[PDB]
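One chain is shown next in structure tokens, namely the form solved without the ligand.
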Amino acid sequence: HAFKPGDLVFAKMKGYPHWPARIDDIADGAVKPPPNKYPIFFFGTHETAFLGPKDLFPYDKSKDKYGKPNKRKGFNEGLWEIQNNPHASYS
């Protein structure tokens, strides 16, 4: 399984806990990711950033480890989104 738009993940950024997220499509006209990176939409914060596979943990495999509440802002909101409506428009 190569990563494709719509895949659910936990995504790791420096300074944050593994974060509920999804692989997004590239909008027409938008900036494209660097070589071998993906557009990642973060649940709860609703931000997008470019990340590579080393920082992407498939949701089903990883949810037992990473899918638990914490106090960081937006996180529990993000957990609700990935669990209840992961494919919604958050625009």
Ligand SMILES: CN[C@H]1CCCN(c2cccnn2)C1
The other form holds:
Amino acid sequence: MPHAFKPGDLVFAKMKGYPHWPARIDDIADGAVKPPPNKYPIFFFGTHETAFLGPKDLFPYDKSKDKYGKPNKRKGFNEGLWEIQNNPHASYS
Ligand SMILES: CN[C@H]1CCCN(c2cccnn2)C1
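Could you drop in the structure for the form solved in complex with the ligand? We only have the form solved without the ligand so far.
Starting with the chain above, the whole complex follows.
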């Protein structure tokens, strides 16, 4: 049975105006800005951007990749697909 989201989990993350996007739940570094309550720091593969999202916009990657893991024309998306498949836990700093 599912647990709550934790750092390192792989997802497709939905934002307004954008396709479900390959991403991961990030950790929060000592001294860094924390998310709002009930929100997680989401690192978007390919764009390397961070946004804060709640579970309603988070789709676990294994269950969802057949639907959402196809090439997209949008900037960064196909790099993102490579990252989540090939090195999803690397530093992209
Ligand atoms: C994939 N393009 C969007 C997706 C959602 C995350 N976006 C953010 C969030 C915070 C800052 N900059 N960009 C970029």
